[PDB]
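Next comes just one chain, in structure tokens: the form deposited in one PDB entry.
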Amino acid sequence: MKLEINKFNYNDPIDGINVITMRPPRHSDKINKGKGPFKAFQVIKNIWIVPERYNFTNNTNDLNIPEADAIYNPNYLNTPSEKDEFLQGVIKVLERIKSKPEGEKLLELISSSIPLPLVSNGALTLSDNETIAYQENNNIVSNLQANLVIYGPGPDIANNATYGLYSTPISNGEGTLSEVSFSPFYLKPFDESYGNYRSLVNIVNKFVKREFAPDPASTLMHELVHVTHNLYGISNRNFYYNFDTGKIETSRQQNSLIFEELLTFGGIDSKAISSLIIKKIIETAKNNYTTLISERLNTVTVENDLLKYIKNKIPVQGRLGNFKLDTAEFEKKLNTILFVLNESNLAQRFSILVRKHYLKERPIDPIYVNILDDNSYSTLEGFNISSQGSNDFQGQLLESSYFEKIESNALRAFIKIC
């Protein structure tokens, strides 16, 4: 069957199927006492959008004005019109991601790749690691499957992030429900070498550094790759890559980068990872998965929809009670997920310009863009619209009129858009 995106207005009636009031997955934590429920929309099977500010961890709890390139606005995303704009923007960006095959596969992957459930009386049974709860008048009416929840931004309204729900299943092979904090309208610019612009004739070298806005579908896809790692329970978030030694560490150092971010971003730096590291990463995941088949999956004596979901997610051979990792297929899938799927590889398939290195050399103020203007941003071509002659990334130039400057005070607070 074809993968479908559902369309919504923020004010669509609650049905308990694709429109609910959701209780935050981190409702039990102290900082989240009494928050929610929030209105939520099942854009794609097991993928939910909540037009609310992300507010559910320690560093996102306080949205006020107290990073050199942050921008703060505590009141952003708190009217119905702002919530609907957000809802439409996120849907548009998903429509863009689906428009290419590589992006369609990614989304299909996130829809179908449920975390490994617990077992109860011989049956795979859902926990709050695989579901969210529909709350109505302090009653839990139902629990509904969810692999991903996409919320608005936290304190910094141009930052994006991904959080797994439980930290043991995120790296032991089980997998875990993920939350994404995403801002489609407020983007952080980046520098890049470029020579496809009107230049004075007397200039030495046309190939100089120029400022660009990212395509917010690339931004989101970066986060969806994290989500994919989190759903397979293969997150490398506790490891650091040391650029000086070329080796993995658990403790951070002067010239390091969290290993999960290096893989997820891709490009020239991801390509310098030694076989030695690649082999251990594969190995660690094979062992974890071998263990989970033996210890958990072979305890399943009851055939249900969750079993089928799990057979499709994890390549296995054998029969009920006696399953075995189909090692070859699993290594292939693991390769697709660790090394083919990253921001840089995906961006190339979409003709989006991304920066060269994950860590940026200098901060550039964030900007505002109404990506719901089809003249500024199209689902099929982003900002690089061929009818305007933009086939070498010209539409992402920051000087483009649709990238609007934001007036901000010394404390990085939003005043207005110029």
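Numbering follows the first chain given and starts at 1. Only residues modelled in both forms are compared. Rigid core here is just the name for the largest C-alpha set that superposes within 1.5 Å across the two forms. Compared with the form deposited in another entry:
Superposing the two forms on their core leaves just one of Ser199, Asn75, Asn139, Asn312 with a Cα displacement of at least 2 Å between the two forms, namely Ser199.
Once the rigid core is aligned, the segments that move between the two forms, defined as three or more consecutive common residues whose C-alpha shifts all reach 2 Å, run 198 to 202, 389 to 391.
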Contents of the next structure:
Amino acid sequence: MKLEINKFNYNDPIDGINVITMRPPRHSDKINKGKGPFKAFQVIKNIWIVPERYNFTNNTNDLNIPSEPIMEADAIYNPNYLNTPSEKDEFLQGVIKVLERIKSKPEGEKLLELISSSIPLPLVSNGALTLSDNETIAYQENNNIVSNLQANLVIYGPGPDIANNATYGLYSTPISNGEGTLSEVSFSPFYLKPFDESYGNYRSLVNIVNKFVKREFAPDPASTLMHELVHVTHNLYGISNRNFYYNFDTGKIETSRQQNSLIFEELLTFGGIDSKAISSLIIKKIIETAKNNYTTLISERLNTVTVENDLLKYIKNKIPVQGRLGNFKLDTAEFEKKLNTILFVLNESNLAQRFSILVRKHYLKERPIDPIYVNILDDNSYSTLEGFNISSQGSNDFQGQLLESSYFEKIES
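Right, and the form deposited in another entry of this protein, after the form deposited in one PDB entry?
Here we give the lone chain, stripped of any partners or molecules.
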């Protein structure tokens, strides 16, 4: 069946199929006592949009201006953002539009299909793969749980910094042991952080001889979301590399941060020039770790399954195996191929190239640039097929991302 995106208006009635009131996945944490439930919309099978601010972790629980020293000088705060029905509908439409954009190229469509289908490896109960809260969200009505519906990804609005974007895996052992975990994403389609890149096709003073200089650009929020979707994919496969750092001075992996280092999960997820000279030692170790984790799960869990149900079908589609019920083995060659796709081929920089989107050269930015607001729902500014770089308007070849474009609106900070 061809992937379609379900459209919604925020005021669409609850149906228990695609429109629910969702209990927070992190409801058991003390900081989330009494929160929700929140209206949620199933945009793609197992992918839900919740038009609420993300405030469900320690670092996102307070939406006010931080009481500590600020981590990012390009952050912008507004505790009231996304508290009205009209802002919630705008957000919902924006996320849907960005997803339609992503689906409009085969690489983006395949990414969405992968997230939809790649359920975490369930626990086994009475010989059957059986769902947990690591693979579902609860539809809560009047302090009763009506149903538990499958979910691999829940997309929310931003946390405290309304121009920040992030991914959170639900359970921290499954995120890295090969099982996989439901992910939450905090996403901001309308508030964007600019970046610098060298460029030559812009209005320039006649007295400047050499026109190719660093210029300011806005990112395409589809690229921003795809970046998070790559983290989500790692999280669903249980292959997150959050607890390793790559040291650019030595070219080695380290367990703790160093002066000129980057978290390895971000190095891979962003891609680009910085991932082109990773050592064979590093790549071999990463592959071996994942292979070992999967071999262990196939032995200790998958081979305890005695009941063939739909969850087993979905898991066999996710995890390349050979053999029969009770005696599966990892399909080494197919697993390696799939792993190397998800780790080394799937990344923001490669995806952006396929979408004709400009991204920055390095994951880490050299300087903060004040965030902007842009109404991406206006097709004159941002289209599903071309983003900001609209050919019929003369904005192809990255020109539509130039920050001087009128649709990138200054924020009073």
